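Enquirer: One letter stands for each residue in the lines below.
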Amino acid sequence: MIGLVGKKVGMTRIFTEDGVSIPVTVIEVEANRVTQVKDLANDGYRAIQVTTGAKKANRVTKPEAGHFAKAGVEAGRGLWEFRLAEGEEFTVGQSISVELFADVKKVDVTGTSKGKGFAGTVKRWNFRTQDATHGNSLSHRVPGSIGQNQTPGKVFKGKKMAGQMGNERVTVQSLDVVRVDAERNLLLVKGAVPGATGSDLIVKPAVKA
Amino acid sequence: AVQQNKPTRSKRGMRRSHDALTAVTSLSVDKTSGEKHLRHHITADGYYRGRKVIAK
Amino acid sequence: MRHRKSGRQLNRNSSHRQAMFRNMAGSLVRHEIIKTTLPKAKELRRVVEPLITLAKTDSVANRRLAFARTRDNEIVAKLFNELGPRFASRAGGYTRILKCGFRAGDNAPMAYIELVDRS
Amino acid sequence: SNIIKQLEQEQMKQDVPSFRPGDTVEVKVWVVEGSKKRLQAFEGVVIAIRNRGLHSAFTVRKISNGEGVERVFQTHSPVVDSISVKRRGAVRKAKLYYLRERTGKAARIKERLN
Amino acid sequence: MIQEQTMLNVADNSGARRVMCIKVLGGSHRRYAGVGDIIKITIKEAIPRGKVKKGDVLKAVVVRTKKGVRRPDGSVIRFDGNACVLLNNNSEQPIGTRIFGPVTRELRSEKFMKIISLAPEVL
RNA sequence: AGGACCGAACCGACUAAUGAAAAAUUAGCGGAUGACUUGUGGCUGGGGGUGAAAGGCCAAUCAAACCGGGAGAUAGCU
RNA sequence: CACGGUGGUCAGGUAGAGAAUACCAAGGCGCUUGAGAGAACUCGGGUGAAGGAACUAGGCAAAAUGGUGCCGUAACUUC
RNA sequence: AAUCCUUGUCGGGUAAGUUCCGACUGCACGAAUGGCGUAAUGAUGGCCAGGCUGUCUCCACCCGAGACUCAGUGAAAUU
RNA sequence: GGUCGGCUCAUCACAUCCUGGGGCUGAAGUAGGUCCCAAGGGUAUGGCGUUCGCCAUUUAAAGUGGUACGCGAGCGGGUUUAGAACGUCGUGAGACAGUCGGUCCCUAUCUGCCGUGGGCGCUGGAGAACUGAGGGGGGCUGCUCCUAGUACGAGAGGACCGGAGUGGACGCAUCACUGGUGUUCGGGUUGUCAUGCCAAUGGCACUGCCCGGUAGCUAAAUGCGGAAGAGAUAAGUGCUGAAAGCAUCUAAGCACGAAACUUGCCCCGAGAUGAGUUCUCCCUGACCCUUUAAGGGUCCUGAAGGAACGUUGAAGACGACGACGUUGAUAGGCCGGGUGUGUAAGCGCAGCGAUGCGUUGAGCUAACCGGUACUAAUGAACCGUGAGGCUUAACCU
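Residue numbers (the entry's author numbering), protein chains in the order written: chain j, 1 to 209; chain i, 2 to 57; chain w, 1 to 119; chain y, 2 to 115; chain t, 1 to 123.
Honestly, the hints are just simulated from the structure, not real lab data.
Ideal Cβ positions, reconstructed from N, Cα and C, are used throughout, including at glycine.
A portion of the hints provided could be inaccurate.
No farther apart than 25 Å at their CA atoms in a straight line, the calculated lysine-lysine pairs in the DSS-like style are these [to be verified]:
#1 y/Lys94 - t/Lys66
#2 j/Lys190 - y/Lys14
#3 y/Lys96 - t/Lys67
#4 i/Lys53 - w/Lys35
#5 j/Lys62 - j/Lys38
#6 y/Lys14 - y/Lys29
#7 i/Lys53 - w/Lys99
#8 i/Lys37 - w/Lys35
#9 i/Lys37 - w/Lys99
#10 w/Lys5 - y/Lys6
#11 w/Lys42 - i/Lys57
#12 t/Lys67 - t/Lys40
#13 w/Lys5 - j/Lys114
#14 i/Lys57 - w/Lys35
#15 y/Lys38 - t/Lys114
#16 t/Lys66 - y/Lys106
#17 w/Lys40 - i/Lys57
#18 j/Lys106 - j/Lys204
#19 y/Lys96 - y/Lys111
#20 t/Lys23 - t/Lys54
#21 y/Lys111 - y/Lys87
#22 y/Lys63 - t/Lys67
#23 t/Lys66 - y/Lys29
#24 i/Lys53 - w/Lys42
#25 y/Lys37 - t/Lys114
#26 w/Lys5 - j/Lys123
Facing chain i, a subset of chain w residues (Cβ under 7 Å, in silico) [stated by the list, open to error]:
#27 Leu98
#28 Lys99
#29 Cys100
#30 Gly101
Given only the sequences and the hints, what does the whole structure look like? Please build it.
Expert: Right under this line is the structure:
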């Protein structure tokens with residue numbers, strides 16, 4: 001099944017009548033609109049390409065404009081593809097709504113996590129710090145040894161080291177979908193989903209379920 | 002800590018590939034005074050986007 | 001990291017920074033135009049403009065506050081008697097940055113910061 | 002944001018009384034046990050309040066059966082049935098964490114008259 | 001949030017005033033015990049004539065903590081000190097006949113029903 | 001009264017982490033009216049001095065100083 | 001080396017037992033590279049839920065104690 | 001014991017003690033190269049407790065100095 | 001001409017400790033024994049220079065080895081300098097794998113590894129979205145309940161198979177909550193100096209010492225994860241079945257069969273030079289010249305787009321990535337709100353005064369929220385061109 005392209009609004013909480021507080025991520029899912037419908041014949045696979053949001057007509061480029069124009073649709077902030085299953089047809093101008101998620105119970109939300117920048121091994125890989133005292137010289141959060149002497153005589157590939165942490169695609173799976181609000185174009189899912197406030201989020205029905 | 006073989010001159014050259022400077026793309030000309038200057042900076046006489054912002 | 005954080009440190013401790021902003025602001029008030037490094041100038045907007053705003057509403061308490069902020073009586077007077085009634089109508093934007101090339105001794109980007117209704 | 006605010010406000014209680022820190026408050030809370038909801042009171046001194054609309058909370062401290070107990074109520078949760086100020090206290094702080102290390106006569110807090 | 005070497009007070013009337021946790025049971029590498037969590041304790045300070053005696057190694061169940069417990073609505077309940085109730089090693093039911101100080105709804109179960117019944121206040 | 005006590009100067013150098021420094025730093029540390037400390041000048045000379053003794057110290061040099069000489073010592077070794 | 005050592009004399013104010021310490025006077029200086037940025041890591045500091053030596057060869061290091069007056073003060077003792 | 005066998009054996013202390021304290025076959029104590037005691041003293045060795053704590057469970061954040069970027073100056077071991 | 005142990009980081013083997021699959025059992029059950037397959041993941045904290053070991057208490061389990069007895073250009077208790085002493089040996093200097101003190105340097109050239117860019121390429125150029133060759137991550141497991149006190153058993157005890165919940169450890173994300181921090185917010189307060197003085201403020205004393213605390217970042221906080229399924233198998237079980245009239249799991253054929261293998265889940269990924277696909281956009285001019293070919297040159301021309309500059313960012317070492325540049329909310333300011341602090345100053349009253357009360361939940365309030373062009377984001381200029389080779393085929397006419 002296809003998914004939608006929301007925006008992370010923020011977190012809040014839904015008190016139940018029973019007493020339970022449910023922590024929700026508010027995902028604003030304005031109307032995703034189809035641009036392109038790919039197939040086995042021309043493109044080699046079934047999929048739909050969708051867009052969402054608005055964009056400055058002065059800041060959308062010519063080629064971008066043309067693509068949208070062909071579709072017969074407004075220029076949105078991006079383009080996103082969704083592979084179609086057997087028996088999933090979609091027309092080119094068609095607009096999909098959060099209404100689509102009313103039947104589903106769980107979702108996989110996918111997005112670009114917050115960027116920590118250059119992170120050391122303690123933050124990045126949970127490396128245990130070395131001793132804060134007892135003689136320890138200039139080597140408190142340093143990663144320790146990184147190999148074995150002479151054989152293999154090299155650091156192995158994939159060695160856990162400091163480096164760029166976050167700002168990368170992550171998928172949280174099986175998040176229970178609390179509320180679908182078609183009126184306000186909202187989707188409340190339980191629990192935290194990746195990335196900062198205002199970030200794009202791809203919501204899909206959960207693959208494992 | 003230190004090299005085992007003197008690195009080549011070729012190697013050095015390669016290293017300094019990227020060391021080259023970039024000349025300013027193009028200077029801007031003030032609409033009033035007609036005198037060249039960096040974009041968004043005042044001119045040497047003291048004009049900016051036409052009007053004389055600072056007296057000499 | 002520093003997501004959402006405000007303020008430039010400016011390779012100074014806090015107290016020193018505060019002092020310099022007090023001085024710089026005062027100088028600006030006095031002269032209505034000063035040349036300074038660009039970042040510093042930028043920083044100054046968030047000290048001077050608020051002072052100016054404060055000076056619009058002339059009260060004893062307000063005056064006292066201004067003094068506390070700045071600590072030159074002359075400066076305070078200038079703010080209250082001249083600058084406040086000058087910028088009375090203006091909503092924000094009392095000051096202006098004007099990038100002016102690069103300092104000789106250390107290639108620091110300079111910039112004139114000046115009060116808006118100067119000339 | 003706007004949307005978040007909207008979401009929140011349609012969940013807030015409109016009947017929360019004005020209490021401050023230092024007040025002796027009596028918070029009635031629902032308690033489920035078996036198949037019978039019942040109301041359990043928690044009288045004590047409000048040592049702290051956190052104002053954050055829907056995420057507003059308040060911390061009530063009491064001395065039950067010798068042991069000192071703090072309890073942090075989420076103000077707009079439906080588990081609290083009723084808040085009710087029994088006595089109003091005159092203190093000069095937003096938060097009375099000093100009362101954690103005070104007992105009996107030391108932990109008295111004079112009444113806020115008028 | 002009790003761990004190895006943490007000294008708890010004793011809620012029951014078994015005899016021990018002060019006990020030390022020597023093991024948080026129920027897992028490899030398990031860091032902490034909260035309320036309703038069985039721990040292995042040693043008795044460090046006891047009354048002259050109680051049921052238990054100093055230096056007795058035996059199980060206990062934690063019934064108040066200073067860190068405290070969360071409820072589903074997001075409320076937390078804290079206490080001023082960490083307290084437990086001593087138990088038999090085998091039967092795992094309380095030695096003491098009388099619980100002092102309040103306990104929590106967390107504790108109520110077929111395991112520690114006796115304790116809850118005993119207790120003056122359950123929060 | 002005191003090779004008495006606490007403690008700055010002054011004299012030292014137990015722990016610590018860290019070239020400006022061919023032995024220092026900062027934070028603590030010991031003595032601080034004495035077998036104390038310090039200025040100026042004097043005397044003791046190399047198998048000699050001096051040594052509350054560690055082979056310590058004798059001009060950044062010590063199980064025998066430095067300088068010059070025997071001297072191009074000798075080197076079955078590299 | 002425009003880099004630690006170096007004997008004597010002078011000794012203001014407020015607080016203080018004080019030539020300690022803090023803030024000041026007289027007087028003298030800002031230490032001859034600056035400007036930004038606000039990653040890892042290193043140095044020097046601050047604070048830390050719950051636990052409180054479980055750390056470690058070792059409580060190393062930190063934390064703590066810290067003043068004046070008054071009450072009170074054990075074994076042992078060469079008194 | 002400033003004793004190989006040896007973590008001797010018994011007792012104390014600890015949930016658990018190759019260390020510590022008290023006692024009982026001196027590999028190889030012993031009487032001025034002094035024996036055995038000993039109040040006081042010790043930047044002396046060992047062990048235990050109270051307090052205290054980022055020592056640690058298990059790290060988090062913050063403030064400064066470097067590290068990074070720009071301009072000026074401009075080394076070194078090694079080869 | 002760096003030798004133990006500890007820490008930090010590991011990685012491989014399988015002679016497997018746990019978990020998984022099976023045969024035999026002197027296997028009734030439960031729990032065991034033993035052998036076979038299996039290396040996916042997992043595989044303890046403490047007490048007493050050690051490794052080890054003993055002991056305490058856990059655990060599904062606390063595997064055995066290799067890696068310069070892995071790891072000191074990653075971080076000194078032991079042995080192994082100089083001081084001193086005991087026992088012992090020696091006439092003695094001294095000596096003893098017999099028994100308090102005692103400097104662990106190195107700014108990384110290359111390989112390697114973790115990140116991140118610049119160039120050129122991919123055959124006209126440009127902007128997007130993809131496919132996915134290949135690569136990496138992930139793969140642990142307890143307890144409880146039901147099935148069922150059923151099967152089994154003389155009883156005691158007590159299941160397989162299959163299902164449901166809730167934990168531990170590990171990982172990913174996140175900041176709504178609970179909290180930490182919060183030298184950029186508010187307040188208390190000691191000493192002192194200043195603003196002429198009072199009052200009120202500011203400086204300095206670790207942020208002077210404290211108490212609170214916004215945003216961010218964050219764990220102890222709270223969400224999610226390990227799978228099911230499929231394919232091909234291991235040991236093993238078989239079905240039909242001769243060679244060998246029988247028998248035989250096999251030689252022909254057919255079937256089942258495990259955390260291993262290939263997939264399925266998540267991430268990177270066309271420099272995948274084998275350089276892929278789809279969509280869209282842009283350029284449709286002159287003449288010289290000759291060593292006549294994918295040649296060189298001069299005028300005009302300059303697109304799509306890009307870069308640069310500026311305002312900047314929950315992006316960031318720098319590059320990069322994203323947003324915006326007046327047809328504008330990109331930043332600062334301003335307005336309103338919120339949050340925090342906790343009733344400012346001034347004035348009045350009460351008090352001999354310290355102080356209290358009123359005005360007053362006041363004042364002030366960072367990084368937040370919602371608005372607002374007041375200040376700054378300039379008209380340009382710069383790079384990028386002018387229809388894109390040859391040979392075959394098929395098509396169109």
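Enquirer: State for each hint whether it applies.
Expert: Hint check:
1. y/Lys94 - t/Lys66: 24 Å, holds
2. j/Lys190 - y/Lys14: It holds: about 22 Å lies between the C-alpha atoms, which stays within 25 Å.
3. y/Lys96 - t/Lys67: Holds, because 19 Å separates the two Cα atoms, which is no more than 25 Å.
4. i/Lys53 - w/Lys35: 16 Å, holds
5. j/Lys62 - j/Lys38: 22 Å, holds
6. y/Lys14 - y/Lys29: 15 Å, holds
7. i/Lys53 - w/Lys99: Given that 25 Å is the threshold and the Cα spacing comes to 14 Å, the pair holds.
8. i/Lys37 - w/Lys35: Distance ~21 Å between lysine 37 of chain i and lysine 35 of chain w Cα, so the pair holds.
9. i/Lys37 - w/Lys99: Judged against 25 Å, a Cα distance of about 15 Å means the pair holds.
10. w/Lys5 - y/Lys6: 23 Å, holds
11. w/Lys42 - i/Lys57: 24 Å, holds
12. t/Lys67 - t/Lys40: 20 Å, holds
13. w/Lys5 - j/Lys114: 15 Å, holds
14. i/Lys57 - w/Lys35: 13 Å, holds
15. y/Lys38 - t/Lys114: Within the cut-off at roughly 22 Å; holds.
16. t/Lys66 - y/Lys106: Answer holds: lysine 66 of chain t to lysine 106 of chain y is near 23 Å, not above 25 Å.
17. w/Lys40 - i/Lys57: 23 Å, holds
18. j/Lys106 - j/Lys204: 9 Å, holds
19. y/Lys96 - y/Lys111: 15 Å, holds
20. t/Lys23 - t/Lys54: 18 Å, holds
21. y/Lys111 - y/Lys87: 14 Å, holds
22. y/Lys63 - t/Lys67: Measuring from Cα to Cα gives roughly 16 Å; hence the hint holds.
23. t/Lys66 - y/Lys29: Holds - the C-alpha atoms of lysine 29 of chain y and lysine 66 of chain t are around 23 Å apart, at most 25 Å.
24. i/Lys53 - w/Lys42: With a Cα-Cα distance of about 22 Å, the restraint between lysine 53 of chain i and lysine 42 of chain w holds, given a limit of 25 Å.
25. y/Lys37 - t/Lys114: 20 Å, holds
26. w/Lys5 - j/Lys123: Roughly 21 Å separates the two Cα atoms, so the pair holds.
27. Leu98: 6 Å, holds
28. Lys99: 5 Å, holds
29. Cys100: 5 Å, holds
30. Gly101: Hint on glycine 101 of chain w: holds, closest Cβ of chain i at ~6 Å, below 7 Å.
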